[PDB]
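Here's the letter readout for the chains.
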Amino acid sequence: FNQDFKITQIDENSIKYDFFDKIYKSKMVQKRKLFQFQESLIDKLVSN
Amino acid sequence: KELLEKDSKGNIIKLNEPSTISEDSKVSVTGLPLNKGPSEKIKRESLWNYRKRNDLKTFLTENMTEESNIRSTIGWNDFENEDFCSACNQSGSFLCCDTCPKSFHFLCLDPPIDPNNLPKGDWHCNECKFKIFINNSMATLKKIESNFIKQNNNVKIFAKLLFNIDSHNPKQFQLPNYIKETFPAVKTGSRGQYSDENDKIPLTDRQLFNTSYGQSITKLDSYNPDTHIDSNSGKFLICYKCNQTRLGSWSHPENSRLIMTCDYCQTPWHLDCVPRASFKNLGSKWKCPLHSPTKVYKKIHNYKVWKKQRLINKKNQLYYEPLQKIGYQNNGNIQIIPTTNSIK
Amino acid sequence: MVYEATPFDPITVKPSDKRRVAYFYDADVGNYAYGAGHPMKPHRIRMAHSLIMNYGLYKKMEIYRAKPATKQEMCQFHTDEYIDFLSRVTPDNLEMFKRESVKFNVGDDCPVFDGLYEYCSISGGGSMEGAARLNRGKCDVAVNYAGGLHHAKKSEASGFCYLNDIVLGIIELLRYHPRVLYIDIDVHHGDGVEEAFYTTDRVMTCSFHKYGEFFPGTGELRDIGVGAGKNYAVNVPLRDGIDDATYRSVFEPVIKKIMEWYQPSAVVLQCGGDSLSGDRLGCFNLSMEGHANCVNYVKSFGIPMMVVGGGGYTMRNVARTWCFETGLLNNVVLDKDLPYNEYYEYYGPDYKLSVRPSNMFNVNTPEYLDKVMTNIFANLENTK
Amino acid sequence: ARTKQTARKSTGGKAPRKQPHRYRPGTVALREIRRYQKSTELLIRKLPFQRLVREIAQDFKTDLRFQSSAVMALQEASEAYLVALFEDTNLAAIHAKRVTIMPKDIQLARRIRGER
Amino acid sequence: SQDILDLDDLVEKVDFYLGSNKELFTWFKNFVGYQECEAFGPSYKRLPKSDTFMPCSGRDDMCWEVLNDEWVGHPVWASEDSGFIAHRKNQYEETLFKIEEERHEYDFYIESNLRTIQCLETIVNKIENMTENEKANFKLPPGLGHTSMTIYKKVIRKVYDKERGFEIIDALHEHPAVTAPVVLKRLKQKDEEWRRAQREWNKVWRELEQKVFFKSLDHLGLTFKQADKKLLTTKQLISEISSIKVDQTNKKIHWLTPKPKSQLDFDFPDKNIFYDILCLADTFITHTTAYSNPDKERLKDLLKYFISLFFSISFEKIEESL
Amino acid sequence: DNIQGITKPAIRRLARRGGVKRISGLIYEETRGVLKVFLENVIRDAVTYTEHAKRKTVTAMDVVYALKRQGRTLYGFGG
Amino acid sequence: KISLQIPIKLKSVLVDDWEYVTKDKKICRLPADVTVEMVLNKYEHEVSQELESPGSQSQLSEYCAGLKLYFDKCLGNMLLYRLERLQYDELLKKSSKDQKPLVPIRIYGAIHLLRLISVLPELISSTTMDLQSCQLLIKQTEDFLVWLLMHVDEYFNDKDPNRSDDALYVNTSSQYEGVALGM
Amino acid sequence: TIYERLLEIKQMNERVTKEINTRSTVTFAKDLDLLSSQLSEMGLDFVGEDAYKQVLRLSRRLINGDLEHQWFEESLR
Ligand SMILES: [Zn+2]
Ligand SMILES: [Zn+2]
Ligand SMILES: [Zn+2]
Ligand SMILES: [Zn+2]
Ligand SMILES: [Zn+2]
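Protein chains in written order, with PDB author numbering: chain A, 533 to 580; chain B, 82 to 133, 164 to 188, 256 to 479, 488 to 526, 545 to 548; chain C, 1 to 384; chain D, 1 to 19, 38 to 134; chain E, 693 to 728, 748 to 1033; chain F, 24 to 102; chain G, 219 to 401; chain H, 1153 to 1229.
Pulled out of the complex, with its shape left as it was, chain A reads as follows:
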């Protein structure tokens, strides 16, 4: 089955877009989860 080892023909601009997209995703998911944990800890300290 020759279709299993198909080599993807990608370009430089698509790699640039994908790298930028994924670093922005990673940076803001860790930033937003840090913000959510900070808000949760603030609520925990307020309730306690």
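Heads up, some of the hints might be wrong.
[Unchecked claim] EDC-like mimics (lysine to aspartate or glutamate), calculated; alpha carbons at most 16 Å apart, straight line:
| hint | chain 1 | residue 1 | chain 2 | residue 2 |
| --- | --- | --- | --- | --- |
| 1 | E | 926 | E | 805 |
| 2 | D | 4 | B | 178 |
| 3 | C | 352 | C | 367 |
| 4 | B | 493 | A | 553 |
| 5 | G | 291 | B | 104 |
| 6 | C | 60 | C | 114 |
| 7 | C | 138 | B | 261 |
| 8 | C | 230 | C | 220 |
| 9 | H | 1162 | E | 698 |
| 10 | E | 864 | E | 878 |
| 11 | B | 477 | E | 698 |
| 12 | E | 873 | B | 178 |
It should be emphasised that the hints constitute simulated quantities derived from the structure, not laboratory data.
Let chain A serve as the given structure and place chains B, C, D, E, F, G and H with the ligands on it in line with the hints.
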């Protein structure tokens, strides 16, 4: 030859010295026996010219030595066979077939034979044993094949496969050619071992031990400035990290930094910019740090591994161009195409 | 900014660091010979010892003959089958052990001579008794040149080494000391000792070795130990022709950082003479001063140490450097005029104690050693 | 059970240790019959021949230097001896309805020559 | 970008890619958001738990705790099945090793024989001072009461015949009363003959050591003449200055805006060395024959004039110093 | 092995000068032994003559002298 | 001439097996967490319900049983490299210790079954088998091979022995190397 | 090149001169003639003279052809 001349009552009287001259003149490392000194033929070039106190303190040790047993664990705590195996085609200690010119390794047989529990009288190979079994039986080969097919009525299609491998001698498994030809980078070594593009061409003994004293494959015993200069261009091999070529000056050869080239992209690297002490003369091909890995491990946070697909010959390798440009989950196995003002 | 190019200072003893020195020598060790064409010679031990007696060094130290190790005591590190094969194999019945010859790597490059078991027993007993005398406080420095077999492993003989006596000595040290530092200045990597204590933090194995396509091939800088022994196996890869100043400026910062970071309770120092210039198999350019400066520097820390002599395949140079190192442990510097020994004809043409370095290229550049020591110092930050 | 040893090594891993136009067969052959017959230069490369003499004289007397003209005398004499013997062999062959010198053809020639 | 490579290895790869560009690799270092285990190394692999379970009888709990039995390494694995490169040694070093080998052979054999003589003479002086009625049943244990059990066996198996050495050892163990003095006498004769041969060989070994040793210790000097012929040419001297200029121009575009106006720097702290080179050149002019006498004298004042004009040395100082 | 230095193509060249058109393959190794034994006859006598002059070096004169003894005179090298 | 259409994923799995055994000097974990019977039984239990033809069911059970018998009789002969023959020897001695004969069905993993499939056409061409049986056996082997692609992530996984004890391959010892490739 | 080669010799001339002049041979080698003399006979040793000046004289002799290359190298080494 009557070493101890015992008496009539068995008492010892006198013994006779054996033949000292039997090995009194054995050749030592000097080329002469220890009985004699050097000959004149070697005294000519050894000596500069050839014409035709006992105050030792080393005997006091035995006395000044005190035994030591204070450890915590003290006390207790015809035809000649062949020189290669018929199964793996490699040299070693063989068990030789008697009525057959083939030789097999002790571990290569079925079942493997212990090198201390050998067969007492004769040993035949599987093919030879099948030959004696056929010649002893009156019926021909196809009769026994048909009888084995009919008796093993449970399986019919594999019955001819089951019958014929009792006659085949055991052999080491080798991948067939059509599994190897689909990967052009994959080669076969001299012993049948794996070999691929990440393997150097083995250096002959003419290069390792048949070279001059100052010039060594290691390139560490002398100042060699004909390594910073490209052979086919004549320019200077600029190291990638330091952006310099430290050729030296032959008046200060300690100012010369060793440089090697990558075995894949020929990118020249200093021996200090990438931390390395060897030149990678033999073994696997040296890979510069700039190449993308073919195997990586990532943490799950177990783990996950990824290996790049092997190279496939052009008749069975399909290169396809994605329609989706952004976010296309490729397996990491990609190819870069050239980029053809609005996009900027 | 870690490596500093410093000229080789002269060797000076510390009069405030007097150590009780125990010497372990069995007169029999030398009567064993690996083969006819073989480089390893146990005869280098007794010409080294003949230099100890004729220098009058026996008046400042105690000479002991250690009890040879039995079968089990060797099995503190090695398997039962390997010691059983070693104690039974002779050059006569070599054909009776062919599977075990390739199993335990004995027969080629580690030949079978008929005093093999006794030689290994002498070496292991010397190492274990030196460690035991260090444990009970009977001595501060234990000297045993009969051993040094650092290439031997759990079930194999490699590198002219059959019984890894250094592992047995470190094992005997670990019964009384929590942290034992092993320093290997042999030009080959201490693969057996490092492999034995790879996964433990109780033993830090430091090896200053040539790392090229050289034996044993192990000893990459990235080899720092696994499991609980991570960053507890320091490997210092060196190139050919390292001189005394370069080796000193590599050795002293690394060992100093290990001393003030790992803080060991006992030290095992492998004094391989194949690190000397002019060795048959070694490729370094150390003089006898350069070889002995490591022993003098490790002596300055005051830690109870076990000086164990390893390689060295030119007998004269290794004997002279072992005599100088042994004299250095008694806080004296032996004069460079050899006394009359029974092996005086070896040390021509000057018949002095010094081992002269060769004029070959010190290809260990300061940048490479700076990077090596920077990564080594970075790995040592987790050993507090 | 007969056994033999071939590895000849007590231990493995010894290395990792511390110690187009084409003429018909014969036309070119006759052409360089003519070439080596019209020629007079010396056909056994010299050095190799000189060596043959050193390793073979060694037996009769050690340290025997040879004047250069001598090893050239041995060459000439040897090439003359072999070209005479090879003319005779070709004859001893063309005798038996053939055109290929064979060992037997020269064990005979030498018998009739009486050099045996 | 495919969630395959980890951020740490990506930062390491970019560090290997843009290390010298400090400003760029910082943009990325942070544009990315990297904040500053299981490093096994290349030369160790882990055995399964089946191969670990091998009986070591001497091991206690501490030995089983501190000793590694799962991670192993071998020279064959580190060689990638290829081999090792031995260090190249001079032919003088090889013949020095041969001299040492012969020395070791003689000394090993002589000292083993001397140790056996000492043990046998202890046995002999023990057996001389007792009468004959119990001398018949007096036996000797293996090792002859010595710390070795094989050294005397080696000496006997060498001195006597191969097949007769075993039976002489058995006769010495069973009946030492007759076999001990003759064995001691033969060993002493072999000792003195071996020592005389060793002294005669020691002369030869010492003279070859004196002939060989300093050339053996010379590494760069043994090949300095061909190296100086090859490397003190026009091409290499052009290559050195051109390589330094290429380095300077390559590093000029990155930093060091005041680009230097020089490539090679030569220091001349001593002035007498000029007179020494002038004397050596004058000696070569006087000795040589391929140059005519007018060409010789023009060479002389050309060298003197160039040295006096290039440097601060005067012609009067050159004339009074040479 | 210095004998194997008398190479095949050289024996072929000798056959060509000798007028042979097809050389068996087993000839090449017969011609070595015959060559050796012959040289081993001249050079033997060459040296007897040499150690009669108490000379340690051999001369071409002694070589043609040994040939004269064997019978096959050689003109062009003295005597 | 007999040809087999093995997918290139399984071809690469076989080539990686060759790499691990000969170059990396790795043997298989024996017995595997998934044996060969276990694969020839799950494939039968998966494609048995894929169609309702009883003759096809008989042919499928025939092929599976014949493959099992062929695997047992041929594994000791020609299915394993020179390195793994020592492991085969120790398995045979361990089986003889407890007096149960060694059957390769319950011991060896699916990679050796893939080896048997890959070497199978040469065995087919070496016997007097008629064209119909060869064609149908090749067809059944091809169907088993394309069944293996749908489960290639659960039989042929990629795991470092230095990191995971549950890898399909194990690193070897120097003593095993010496006995396997030294005598 | 010549001046650097000679400057390496002259910059260490005082220490090598003090080392050669203060060469205290061992006693048992003098009593048993175990020390060589081939380099003292030929006046190739550097005793009693300045080391750099002796290097200059030896090199002048080597240039003039009255001194062999091997003996010059052996004396220098
Ligand atoms: Zn047979
Ligand atoms: Zn085999
Ligand atoms: Zn660089
Ligand atoms: Zn590269
Ligand atoms: Zn070593």
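Structure-based check of all given hints:
Of the supplied pair hints, the one linking residue 926(E) and residue 805(E) holds, its CA atoms being roughly 11 Å apart against a limit of 16 Å. Under the criterion of a C-alpha separation no larger than 16 Å, the hint pairing residue 4(D) with residue 178(B) is inconsistent with the structure, at around 49 Å. At roughly 36 Å between alpha-carbon atoms, residue 352(C) and residue 367(C) are farther apart than 16 Å, so this suggested pair is violated. Proximity of residue 493(B) to residue 553(A) is assessed by CA-CA distance (about 24 Å); at most 16 Å being required, the pair is judged violated.
Restraint check: the Cα-Cα separation between residue 291(G) and residue 104(B) comes to about 57 Å, which exceeds 16 Å; the hinted pair is violated. Our distance criterion of 16 Å between C-alpha atoms is broken by residue 60(C) and residue 114(C), whose separation comes to about 36 Å. Annotation: proposed proximity of residue 138(C) to residue 261(B) is violated, straight-line Cα distance about 61 Å (limit 16 Å). Between residue 230(C) and residue 220(C) the alpha-carbon distance is near 14 Å, which keeps this suggested pair within the 16 Å criterion.
With a C-alpha separation of about 59 Å, the suggested pairing of residue 1162(H) with residue 698(E) is violated against the 16 Å cut-off. Between the alpha carbons of residue 864(E) and residue 878(E) the distance comes to roughly 11 Å, so the proposed pair stays at or under 16 Å and holds. Between residue 477(B) and residue 698(E) the alpha-carbon distance is near 8 Å, which keeps this suggested pair within the 16 Å criterion. For the given pair, residue 873(E) sits about 35 Å from residue 178(B) by alpha-carbon distance, which is inconsistent with the 16 Å threshold.
In summary, the structure is inconsistent with hints 2, 3, 4, 5, 6, 7, 9 and 12 from the numbered list given earlier, while agreeing with the others.
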